[PDB]
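Add chains B, C and D with the ligands to chain A, keeping to what the hints say.
Residues per chain are reported as follows:
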Amino acid sequence: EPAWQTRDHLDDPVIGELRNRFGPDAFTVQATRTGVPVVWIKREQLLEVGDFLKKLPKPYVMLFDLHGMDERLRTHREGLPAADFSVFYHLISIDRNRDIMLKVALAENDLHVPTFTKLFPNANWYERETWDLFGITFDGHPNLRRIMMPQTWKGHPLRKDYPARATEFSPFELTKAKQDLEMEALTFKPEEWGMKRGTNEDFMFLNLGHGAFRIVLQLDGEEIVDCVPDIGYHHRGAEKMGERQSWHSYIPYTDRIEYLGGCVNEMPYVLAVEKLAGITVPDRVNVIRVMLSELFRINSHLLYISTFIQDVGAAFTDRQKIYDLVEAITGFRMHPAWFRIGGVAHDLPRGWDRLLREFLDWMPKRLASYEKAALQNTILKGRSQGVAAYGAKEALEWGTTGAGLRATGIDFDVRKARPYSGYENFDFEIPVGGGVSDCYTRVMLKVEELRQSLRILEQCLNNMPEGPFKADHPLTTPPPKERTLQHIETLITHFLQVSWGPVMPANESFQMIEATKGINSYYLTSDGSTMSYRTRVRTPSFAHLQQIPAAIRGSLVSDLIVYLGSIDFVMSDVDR
Amino acid sequence: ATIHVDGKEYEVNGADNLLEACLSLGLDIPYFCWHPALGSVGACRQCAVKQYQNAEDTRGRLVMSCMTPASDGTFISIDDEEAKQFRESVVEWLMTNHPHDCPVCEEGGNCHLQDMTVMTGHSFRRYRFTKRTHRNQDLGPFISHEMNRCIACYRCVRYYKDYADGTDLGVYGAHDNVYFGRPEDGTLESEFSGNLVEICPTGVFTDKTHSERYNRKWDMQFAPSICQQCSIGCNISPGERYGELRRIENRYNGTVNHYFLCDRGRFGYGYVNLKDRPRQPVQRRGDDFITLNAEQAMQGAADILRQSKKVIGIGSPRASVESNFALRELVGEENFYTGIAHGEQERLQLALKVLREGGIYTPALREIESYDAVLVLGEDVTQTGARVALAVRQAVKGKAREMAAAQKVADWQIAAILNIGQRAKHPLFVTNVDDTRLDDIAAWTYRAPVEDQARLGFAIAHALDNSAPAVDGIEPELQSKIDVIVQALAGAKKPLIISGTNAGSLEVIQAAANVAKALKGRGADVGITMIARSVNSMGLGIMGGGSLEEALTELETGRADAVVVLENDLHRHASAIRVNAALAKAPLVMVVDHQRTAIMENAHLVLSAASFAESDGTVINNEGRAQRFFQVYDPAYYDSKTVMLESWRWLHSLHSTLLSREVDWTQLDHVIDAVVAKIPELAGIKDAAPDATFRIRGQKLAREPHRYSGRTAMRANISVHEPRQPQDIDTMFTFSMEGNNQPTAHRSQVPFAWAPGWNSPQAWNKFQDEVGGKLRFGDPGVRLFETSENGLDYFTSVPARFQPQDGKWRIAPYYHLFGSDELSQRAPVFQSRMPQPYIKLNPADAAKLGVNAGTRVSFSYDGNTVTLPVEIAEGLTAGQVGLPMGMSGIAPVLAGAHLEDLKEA
Amino acid sequence: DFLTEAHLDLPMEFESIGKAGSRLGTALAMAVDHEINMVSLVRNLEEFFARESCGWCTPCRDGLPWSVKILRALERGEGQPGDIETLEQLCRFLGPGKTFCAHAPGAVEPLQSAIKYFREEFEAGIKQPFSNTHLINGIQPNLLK
Amino acid sequence: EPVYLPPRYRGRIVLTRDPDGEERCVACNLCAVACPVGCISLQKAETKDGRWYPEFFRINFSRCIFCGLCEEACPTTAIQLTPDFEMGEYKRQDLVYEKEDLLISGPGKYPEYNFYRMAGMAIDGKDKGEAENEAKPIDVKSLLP
Ligand code: SF4
Ligand code: SF4
Ligand code: SF4
Ligand code: SF4
Ligand code: SF4
Ligand code: SF4
Ligand code: FES
Ligand SMILES: [Ca+2]
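Residue numbers (my numbering), protein chains in the order written: chain A, 1 to 576; chain B, 577 to 1481; chain C, 1482 to 1626; chain D, 1627 to 1771.
Chain A with its partners taken away, still in its complex shape:
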């Protein structure tokens, strides 16, 4: 019974609880390769089901994801309710270490769902993105406006009838948008942003400028009364591109989401595609992927910590050494594009042991230097403690994952809770904080994660398995190159995989991983074709950016700047 098998999860106790509560005919269980019980709920029972799951003895406390899907061109929907569109809700029980996906089927003429914001406040931005990209209205939403596209945008780009490729450039629309930027402040209505009490004659409205983004600030003097972060300035159409590229040729796009991560961003996508293909990778592939993911985690953590130290007023050679090793292994520093379906693009180069040994023997003195510069610095400690602090309740209700969630004391790491890529064969600790997640605790947790990633790299170096760097599956893409260049059937397989694409049988797969800034997940729907029917990417920085108004309510602008530096986020991760 492999890990990629299609299961309906009828033995999950949440299915029996839902059956005993709402009756056996109130929902439809779908068998998937997501590893999660997927149930189809009536629209009229969605809030009741969400409230019931919120009040279980080990409750489902986190809205992990919420998005839509255009089901109109989907030809393999056997055992599925009739739908033109659908909305899915991914909910996580942390005490249970379980999750459930709820699906609401919608007809094309009635695209409205009850708002989920009364149960989970992060549903606000998730529903704004679903409205923006699919045109699905959420009744009761306070400010249901566009969040990726500008407000003067026609059409919903993630619909199947929307043309993906770039339209013709018009200078006149550019001058019109520049004009709209000219007196945006003069024609600023604080009703189009969800704000209130616009000019008491003491409230000031400003715009501001990890990526560049705007946030409108309502200030009473220097105190923040409300704020609305304006995002979507870095929207690259990555999911729509997932429908326009083959399963193989989408991998560089996985790189450029969360561009400080690289192979870390490759990992959930190729793991989900291997679930769709039914591929179990060999152990050497697992250790190679873990080693590259931990090298890039170290690189991203070092950049984040070095940026935080400089911003407060309390770094390049280490990242250069990591980039040199990654450049030797993959041929590229920043966007390696090196993981593959079934394995990795090449074997490890001869001499990788020497470079990794030189990196690991040179790092612990730098680790002591960073711990002295951060944990033992009083100016950093007095600047960073207590500013924008939240507890477990606020991290659970806002979908906060990564260092902030563990700083609240919730011991939730994906590598330990739901292991992937052979992470269960490594000995490493998960650092957690007290009950308070402020800037100092988050940065301290990132430093401890740096130490643990160095331990994982030491274990990767010490016993690196000998074996194949690609799986023996027929759907390993591409095949091994020497057999491609020598053998006719391997040439045939390579020819068809790199041109039309590999045929993934119709299914749905899911994979969440512990990325450098939180939990990154790929949710892939295959319609039996050589491209993805739906590529949904859940990124931590979207959810972390949504939590900003609920954490610096009543703080100062300098506190907001420190909070922005303390959040490990990048804007490409937010907007994707």
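Since the hints were derived computationally from the structure, they do not count as laboratory data. Where hints are given, some of them may not hold.
Unchecked claim - Here are the simulated BS3-like cross-link-like pairs (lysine-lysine), alpha carbons at most 30 Å apart as the crow flies:
1) D:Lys1762 / B:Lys784
2) D:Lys1767 / C:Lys1550
3) D:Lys1752 / C:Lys1550
4) C:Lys1626 / B:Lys660
5) D:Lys1735 / C:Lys1626
6) C:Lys1550 / B:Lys707
7) D:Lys1767 / B:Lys784
8) D:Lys1674 / D:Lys1767
9) D:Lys1752 / A:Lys321
10) B:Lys784 / D:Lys1735
11) B:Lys851 / D:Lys1674
12) B:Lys660 / B:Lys929
13) C:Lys1550 / B:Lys660
14) B:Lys707 / D:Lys1717
Said to hold, decoys possible - Away from chain A, derived, C-beta distances all over 10 Å, residues of chain B:
15) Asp691
16) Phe700
17) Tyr748
18) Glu871
19) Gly1274
20) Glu1314
21) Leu1368
22) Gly1439
Note that the Cβ used here is the ideal one computed from N, Cα and C, for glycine as well.
The following block gives chains B, C and D with the ligands in isolation, referenced to the frame of chain A:
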């Protein structure tokens, strides 16, 4: 019948085999030797499934799904482990000898062997020994041969020999050195040899014409179009790349031309890529040829047309219905002339009157295969309507099919059927001026002049029905053969009468109508087929107009001082001296054409019209079926200065500029609405294809596959800035990948067949309701007219017998599949395949002239002395001289004409 | 199929020889002495059967020559691991019903019985490590386990 | 100092030559379709002896993301990403590299692979039966059974 595949219950046809039943249900079973059109033979052993004796059976047995009836209560498994292992083993055995050739193989990305290799999941070679090799043969200009890539699936020989009745392809040798080819190098002689490139699942037989300018199937931009090279109207998928027409694939149509084209349609597209085509409007002022853009071409043309007293228009059977109608609206109904001669127009409207007023059902091309007796009167079907000849061969094999059905042999078990029906066949009687290519299967062939062919038809009609007019002067031996024909036709449940306009004789069409009416009066299920000359001969006949002689008279008398010639060279329908003199007399000649013709020297204005690859339109079949063709590519995407518009667009904007002094580049649906409003007989062309607002769940239909490559590079040498995607306002297709080509989409127009896991022409299985049947949501195209309630009367104009008169030589028409049709004989690959210009003579007449075979004789027709070398024709009759119609200098209006001063040069 | 000395007491009937894992056939038995190597005898048999294929159907036409080449390698001592398993798979997949006629099951009956009884000669043929790939200079091979 | 680059570095793209000196590319178009950006455009041409080669080969380097998917997709190792990164330009049109800007005079990173030594299709210097692991063509009229 009820079958259970992998425990899932399905309802199928019990008369089918399990392979076709399971492919029709959407299941995937790999296969090589089976084809929907050829039947099942059980050769390749690829299609193995596991059959169980009942539901409570676990052992099972590997059976061949193509050789197993899908009977009631069947239990099979496709996903059985032993069946999957065996299918992977069969792919492995084919892979042991297969050459390492995929990059340099024209079948790559379009190869069925690649697809079934991947589908079985075989990607690991454990064979370490040598591969057998083979020398290749030269199969002529169209088909390239690579015997290394063969898998010995026997599809080629079964198609070419048991289906198309070709004689020069076969299997040779033995155990694992089995060779598939000709007995020696030379051109493949079948008129339908080009279907090998889609029948062969590998790259053995490949399109040599495509191989010259090769590109892969993902790089092709396809559109659904209609073949323009004769009247049969076979659906095609032209595909282009880099602004040139690359390939013609067969487009499946279960009502017309299901899997097969003829070689003329498949390989005669090369005129589209000629470098002398007009690409811009060009105005002749003195000796200068000023290039214009579209707007000032319309302005100058409208000024000269406004200042002229009478403007006449000359259409063409090449042009679509929309172009001819737009010319008819520009010049008026009373000033519009069809571009064909008076005799051709008389024969065409007589065939139209027979088809839509004779009360006899005219069959589609696919339905021809189900008739029980065939009488072909005057039509060289293999050289003029070739796909009808292939359907006639299927109708002939119908007798063996019935004989095997009488012994309870299943209809897919083709080898048993052919063994039971050894040489028995349904009756075929062909009649021509000489021997035809249908004579191998014909029960009788009549070689005679067209008067005697008509008299034989009239005599058959009189012998079937005594109310038909009698023929006086029939010899006793010819009378005995007439009674043979009459006993065969009267004894058939479904007799079919084929004739056409190519014989050059009105009386032949009248005799065919008499035979069909006589059979209808006896209660038979008789059908009648009329083969026209060109792609839109029937549409031009339905629209109607004056003859070309009347237009030439209007030009010569000076009553018309402006002539707009649409897609017509005018030399195939009238004498070149008269045409040139009449056009030189006119002070304004405007030629709207996509080919460089001879009359463009006299033309004051030349409009660069679009051919079928660059235009949309509607053409009418020889059976009255209205079919839409769609534009394949935008000609201005690569060359920005090319002004190559549709002919209806040119003429509509010219009419707008003539009336209101403003141009109007209209839309196609507006022109079609104008046609159906103004000509009620052409009202059915609205339903041929849906309008440009048609969507599949909101999106358009994609012209190119989803993996189409080179988007930011194919034009980068011209400019690095990617141009705007060319907009299509005329049709529901988009000029990009951003559209729909799903097999389950509710549409009838499929630009190309592709499904995941099926990259070959076998992907047409996914687009059909059942394999080899119709398209899932109906075949495209609509019949314009229904069968009349009442028929015609008998034609009492029985001609006299042919009398050879001294000094005069009756011209007997000889049609060639390569050479007679104008546009295809302009194609450069046809020149090697084209016969040399040979004038045919009886041995008696050649001995009378003192002329041997090969010596050149000169004759004067219409004051033009031309010289050709002599071929001796045994089957011709004395007093007749045989000429190749449609060749260079021999216009097809010479059929039935007489010749003077035939003497040795 | 080949039979051993213990089967020599069987009455020459269809049912008795069929029950022993062979068939009566033409009932014209051929005796094999100890000086005859079974790999050479089966190589000769399969050479006949492969060159007497009619070429119609894939398994006989294309898998009997594979058995011939494996047997030639084993006869020359150039056998490689997986050869006996390939022969057994060829025997299983050329049985009754898999091929168009009965030529190929009759072909694989002696190979079946010779591997069943005299397997030691066939394993004595295997002397080389398995290889069908040569090294390509700039490409590290996928070292399968 | 010059910047050190590892041999795997994904920089400027070149087209290489086989060890006999002929250009490796057979214009099979696998690199163009495997390009996610779609910045490769080429056309197949053929010599008198039947050898496939690119008539033109152009790469839009203003579009190329140097991902190496084409080199991975190349079945002849013709297209290769090389350790060079100094490709800055004054005009964006000059970033379209034709075949005269890509075809270097050597084998690049894969020094010995010749695809035409593997292909069954015959060219000059290699008739039928001269590829690797290929038997000579037995004529169908041969006297041997
Ligand atoms: S016929 Fe098919 S499998 Fe054989 S070389 Fe050509 S593309 Fe490859
Ligand atoms: S040449 Fe083609 S069609 Fe003929 S047997 Fe070989 S693979 Fe089949
Ligand atoms: S029969 Fe006529 S319409 Fe059909 S492919 Fe041939 S030329 Fe074209
Ligand atoms: S098993 Fe029979 S039908 Fe098949 S190739 Fe061999 S001899 Fe011919
Ligand atoms: S490196 Fe990538 S982007 Fe550049 S040409 Fe090759 S496939 Fe295209
Ligand atoms: S993949 Fe290689 S051989 Fe094929 S067209 Fe591209 S560079 Fe040429
Ligand atoms: S398809 Fe049935 S044996 Fe070939
Ligand atoms: Ca158009």
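Comparing the hints with the structure gives:
1. With a C-alpha separation of about 26 Å, the suggested pair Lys1762 of chain D and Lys784 of chain B falls inside the 30 Å cut-off, and the hint holds.
2. A distance of roughly 23 Å separates the Cα atoms of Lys1767 of chain D and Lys1550 of chain C; the hinted pair therefore holds under the 30 Å criterion.
3. For the suggested pair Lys1752 of chain D and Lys1550 of chain C, the alpha carbons sit about 25 Å apart, so the restraint of at most 30 Å is met.
4. Between the alpha carbons of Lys1626 of chain C and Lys660 of chain B the distance comes to roughly 24 Å, so the proposed pair stays at or under 30 Å and holds.
5. With a C-alpha separation of about 28 Å, the suggested pairing of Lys1735 of chain D with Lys1626 of chain C holds against the 30 Å cut-off.
6. A C-alpha spacing of about 11 Å is found between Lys1550 of chain C and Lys707 of chain B, which places the hinted pair at or below 30 Å, so the restraint holds.
7. Of the pairs offered as hints, the one joining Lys1767 of chain D and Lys784 of chain B holds, with about 27 Å between alpha carbons and a cut-off of 30 Å not exceeded.
8. Our distance criterion of 30 Å between C-alpha atoms is met by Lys1674 of chain D and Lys1767 of chain D, whose separation comes to about 29 Å.
9. For the hint linking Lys1752 of chain D to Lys321 of chain A, the alpha-carbon distance of about 49 Å lies beyond 30 Å, and the restraint is violated.
10. In summary, the hint linking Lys784 of chain B to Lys1735 of chain D is not supported, as the alpha carbons are separated by about 35 Å, beyond the 30 Å threshold.
11. Between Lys851 of chain B and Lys1674 of chain D the CA atoms are separated by roughly 23 Å; this keeps the pair inside 30 Å, and the hint holds.
12. Restraint check for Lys660 of chain B and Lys929 of chain B: not satisfied, since their Cα atoms lie roughly 59 Å apart, outside the 30 Å limit.
13. Proximity of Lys1550 of chain C to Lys660 of chain B is assessed by CA-CA distance (about 25 Å); at most 30 Å being required, the pair is judged to hold.
14. At most 30 Å may separate the alpha-carbon atoms for a hinted pair to count; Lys707 of chain B and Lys1717 of chain D exceed this at roughly 52 Å.
15. Separation of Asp691 of chain B from chain A is inadequate, the least Cβ-Cβ distance of about 8 Å not exceeding the 10 Å criterion.
16. With a least beta-carbon separation of about 7 Å from chain A, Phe700 of chain B fails to lie farther than 10 Å from that chain, contradicting its non-interface assignment.
17. Interface exclusion of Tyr748 of chain B from chain A stands, the closest Cβ pair being 25 Å apart, more than 10 Å.
18. No Cβ of chain A comes within 10 Å of the Cβ of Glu871 of chain B; the nearest lies about 22 Å off, and the non-interface call holds.
19. Here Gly1274 of chain B does not stay apart from chain A, with its beta-carbon only about 3 Å from theirs, under the 10 Å limit.
20. For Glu1314 of chain B, the requirement that its beta carbon stay farther than 10 Å from each beta carbon of chain A is not met, with the minimum near 5 Å.
21. Against the 10 Å criterion, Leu1368 of chain B stays outside the reach of chain A, whose nearest CB is about 51 Å from its own CB.
22. Its beta-carbon lying about 60 Å from the closest one in chain A, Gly1439 of chain B satisfies the requirement of being farther than 10 Å from that chain.
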